[PDB]
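Presented below, as structure tokens, is a lone chain in the form solved without its partner chain.
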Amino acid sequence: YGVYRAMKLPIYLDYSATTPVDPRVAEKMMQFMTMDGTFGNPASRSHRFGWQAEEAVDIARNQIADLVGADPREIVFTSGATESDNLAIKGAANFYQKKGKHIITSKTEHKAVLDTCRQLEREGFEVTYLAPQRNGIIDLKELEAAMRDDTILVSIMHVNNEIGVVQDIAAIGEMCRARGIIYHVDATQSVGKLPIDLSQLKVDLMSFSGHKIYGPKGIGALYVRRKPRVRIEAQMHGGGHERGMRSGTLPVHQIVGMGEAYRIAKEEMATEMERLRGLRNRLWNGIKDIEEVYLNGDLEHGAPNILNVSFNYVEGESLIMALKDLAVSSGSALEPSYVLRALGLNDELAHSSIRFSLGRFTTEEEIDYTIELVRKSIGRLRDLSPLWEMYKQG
């Protein structure tokens, strides 16, 4: 095959770390920057440079709200999903603290949630970190058992960024609503990938980013429910912008880019995620019959774009080196993935795990190249430990 043979290397399989900006998004962004464009500050209320800028912000705010079934007034712009996570959890925790100081989250949450919760523990909040099941799913009966009268907040993400597992955010939402608990979802990896309708879903706070959906880095949003009303304390002060919730200049060009990505995503999501899901199954089929490999997560109920695989009887660092033709991630920090460790894998298996994440430039030929490279590489490397021979005995 012509594509397969003239294959540009390394192959990008790390869309979960960041995505390339869609050419249409970039083109929109370019009109909101120079003296010839709409470069005004939306907060300049006294002249047309400002009004024009405010208008482009309101369009983008509607574009974002339309994807996720919210009212634009529920969308608070932030500098990214890290900030959204900080704002949601510290904002709600501080606002509702006289009602209770107990927070429940998952051990497999992104660090923006975990380190936030750890900071709140310093401040006197008490935090339950729930252990997931081996597949990454939180046991909903364990969640209910942890819920108390002084529980103010639960934070559990839609799609796990390391392993792609999908939590039942609707059921968790129902549990929280019935008890009067604020439910925050980190939807950074699910927005524009799985359907989200906040007019139906019982979620109070939701974090999104631009750069996991072909928008620019350094912009995000937090959805803050108007009905039934949830409040949060601003963490960023300076003029009470975004209805008191987040002060600072609105980076119009960034906001316009995010809105455009979310407009694109609503239109192209269903065809593209079907295509991606086909490609992920194609990848897993090719590699599942290598002996002693393990899928981390859920094949049928996972995100269409993430495949996290553990390879037994090989050494983690030489694995990444063997796969240098691919841009991938092991989740290493050398600490292995705290997420894999939470599922209960030993450190060495956790080290020799690879997240493959797919996106809109990913082809069938890249997948086939990947399959043959993984197969070759695992065979070659296992020929280097006696443990593999000492597996092929007992």
Second form
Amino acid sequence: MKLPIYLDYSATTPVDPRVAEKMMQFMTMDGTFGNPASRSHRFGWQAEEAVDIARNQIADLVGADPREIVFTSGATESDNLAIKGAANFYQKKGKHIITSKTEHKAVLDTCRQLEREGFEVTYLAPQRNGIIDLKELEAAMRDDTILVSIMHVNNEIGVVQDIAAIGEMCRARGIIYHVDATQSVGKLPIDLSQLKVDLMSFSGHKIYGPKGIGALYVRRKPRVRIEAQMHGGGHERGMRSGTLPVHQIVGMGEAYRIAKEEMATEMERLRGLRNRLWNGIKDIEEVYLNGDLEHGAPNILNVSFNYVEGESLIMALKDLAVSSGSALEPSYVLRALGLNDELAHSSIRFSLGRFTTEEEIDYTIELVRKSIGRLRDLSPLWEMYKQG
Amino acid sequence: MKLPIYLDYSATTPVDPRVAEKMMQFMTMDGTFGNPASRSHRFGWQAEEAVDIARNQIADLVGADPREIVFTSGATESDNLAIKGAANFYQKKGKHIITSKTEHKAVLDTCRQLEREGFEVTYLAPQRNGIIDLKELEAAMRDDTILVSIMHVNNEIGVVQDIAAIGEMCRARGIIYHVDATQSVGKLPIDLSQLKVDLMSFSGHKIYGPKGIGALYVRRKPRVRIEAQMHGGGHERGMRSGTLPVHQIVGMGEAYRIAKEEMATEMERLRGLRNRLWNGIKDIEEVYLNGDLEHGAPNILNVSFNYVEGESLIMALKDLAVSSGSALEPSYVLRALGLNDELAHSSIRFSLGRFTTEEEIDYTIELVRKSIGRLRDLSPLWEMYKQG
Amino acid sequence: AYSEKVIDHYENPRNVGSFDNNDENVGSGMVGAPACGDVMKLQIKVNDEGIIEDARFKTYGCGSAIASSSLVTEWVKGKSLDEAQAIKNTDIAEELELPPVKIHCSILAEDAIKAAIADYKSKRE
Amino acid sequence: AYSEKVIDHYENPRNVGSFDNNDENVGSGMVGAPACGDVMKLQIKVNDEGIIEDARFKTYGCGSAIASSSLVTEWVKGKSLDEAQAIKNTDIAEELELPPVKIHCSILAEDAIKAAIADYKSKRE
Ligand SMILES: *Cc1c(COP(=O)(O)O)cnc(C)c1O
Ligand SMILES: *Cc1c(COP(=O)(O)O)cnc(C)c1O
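Show the form deposited with its partner chain bound, please, because up to now only the form solved without its partner chain has appeared in this conversation.
Entire complex below, previous chain first.
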């Protein structure tokens, strides 16, 4: 054992040892510490070669051309670059953008800014199960719609949108389609040679890579074009200027090479635990699953418990390191699903990972049963519910 | 010895061992790998505390309030954030910006973009010694000038602009003043409690920290305000959204704590070498110093050799890892100084550092004497010069 | 970010339960204050001719909110009608060392005890 | 990014120097081509009645540009006036394995030899 039990892999994941020891060789004076931009000597070249390896490692995992891989500082920057770059590029065709109310902040806040820049954004409401209704997406599309952004796996509830089907719809009407795939990379399979996705964002620290490094897939064929948001030398094919963080990039490339291998088995193991977990608590009187057990990420499970206050719940689960629908504002995701503020407040996001064990899932199962029945004993609302 | 000799510290510096071993403790599952944003458990807290330590370490080195420290991905992003954020904020007062033609690309390219956004930029030409004439800066200032950006130490020639004097001029006319201090941090002394500087950019990998991490000083008093360019949660006091790269930040904080200590002696040592180097080559018939031996950075030395072609020179110096005035374009810095394309082409930027030795400086001195006299023997221009 | 006393009272709340609302000896007041959407039910039973015999509570909110009403039931035992009447939220906050944010838990706790008292007085009749 | 042969010729250029421009045996042509701003001076002295005795060069440009004119002086030795006349830049580029970018070094090398020849023919008179 070892308390508290880390069940917050969706917030961040621990850098796999293999990822780290590879990074070390690109830092100190005796390692490969050079600047790839230095195109005039050995140091810059050796760094440059390591960069390419990683760029390919990342590309192979998603079935893309390494040239389509643009390096950023993380999924946040990627999301910003993707939606801002394209919107400013294809603005002459139109200024209307479509997206899901449940999108990660990096996307929503970007659209809020764009709105105040003159663009028009349509935030779509998802069904009670989090799934987006494609009929509604279609109705929202107009001749001047230029960009659509729907994420693969959701970071709060782990629901999986049919990005493939959406890609078709978009391509069909000639609309740029962006996918925040940060929670799905290395978990769910991705092949950009099949997928009609124009822009995709990944980070590393969600799949056991280092923080502060990400990538942005920009389709080469049919060519998708974006306006750089980071100027100063026109690096990354003039899409993202700035020195390439080699040791950080190596880290990513390596974590992606590992993902490609162990993703198959690992993801089905997590699915067994997640199921186990829900099994052990689904019988509790008024618990609510947020998302879709069937069609949802295998590593994320978000549930809402009725008649107990959000904060008192978190406190009761001192032994666990999870996340919640609290922040002076409940989770906007859970409220876009059609949960009232109270039910939204009292939600726990269990996120499993590499180090999770059946042993721990069992401990949590009991811990949750214990806490809820106890807090409900203190609850005067529970009583009123219990009797009329 | 050990060839080739690394004289390109201005491109990047090797992560000091102490910096690295501190970073390692914030990566793996047994270290402090948590997300600072996770405000609901031990993991997020321990990471959060380490972040603060580093934020202060950085602040103490420059004499600033840690709250004035905004984290970025590097000096490029800082430069972008600084100039873009303020320009979009204070745009109602005016849309005119002033800057030096010799500024790093991260600044210039930013202003090129802004120009195409509706702003008006005045790129000032420096004197033959690289120093900016303050009388000219003043003449350029108008009632609608809102921002001025002049860098401390120049990255190509290492000239030092009197940022203090400029700060006064700006504050006096109520103009926001930004300083790209990336080449000067941990080398030249900086105290923002004395300096009238409103915005300052630093990175880490120029002073033996990890790449892909930087900071942006935003003055608290008198309050300077900027519009965030990276949206998604309003982190860093709503100026820079995105997960804080702990291990990267720790790296910076640690490299700055080290700088504060060893900067005093180290910088005067480098000055001795740089002098030694120039001593050994200043006697060569037609060599030209770019910058100001007196008033210039102690670690950078950029010289132009006449009557030899740029590329042939670089090739001759196979044994050294330096940088040059080549890229289909000579160095715009050296051409803004008033050097013709040929003299600009054939320039070498020697940048010294932690590991540089007198032994190596001597080797370079002879190597340069050897090469130039040899290439001049092949030069038909040299002959025409030699005889009428 | 919680205080030690709050943890104690949250993890071991004193006087959980409820009284018969027609006990004649009992005055019950259930006050909530949507604004954060909490709600606590406190109620007493009085030693006829003044003094308070016993009280009980149930609550829904932070550990602070809980510890708040817990403390109150504890304080009220052995008190008078009026002695408990002049308790004042401020004192409850000081005791538990409540941060500015969770100050509303005191106000509410006070509301609760005062409301229970008023209920007792109203029934006699 | 340079080829082995280029390195050889750059580091050990063959036939560096210059001839007397009034040698009567010598035809000298100095051609440059601002466009990259290089310049190479090549000149020969001919074995009266056709064949070429010896040549010499000086140049200013890349290692490629240098190796280019170096090679040419080497090739021209023992050649004829016309044999050397039909050298063609392409052949020079193939030999040195020049990348698309440094192709201008061939064109120039050819220019140089052709210009030197023309100079010899012009003086006789
Ligand atoms: C965590 C997360 C992000 C943020 O990306 P960083 O690389 O952490 O800046 C963006 N999108 C999703 C879906 C995430 O889960
Ligand atoms: C290297 C450099 C930069 C770039 O900053 P990174 O942190 O390398 O992105 C900016 N300004 C100056 C003066 C530099 O020397």
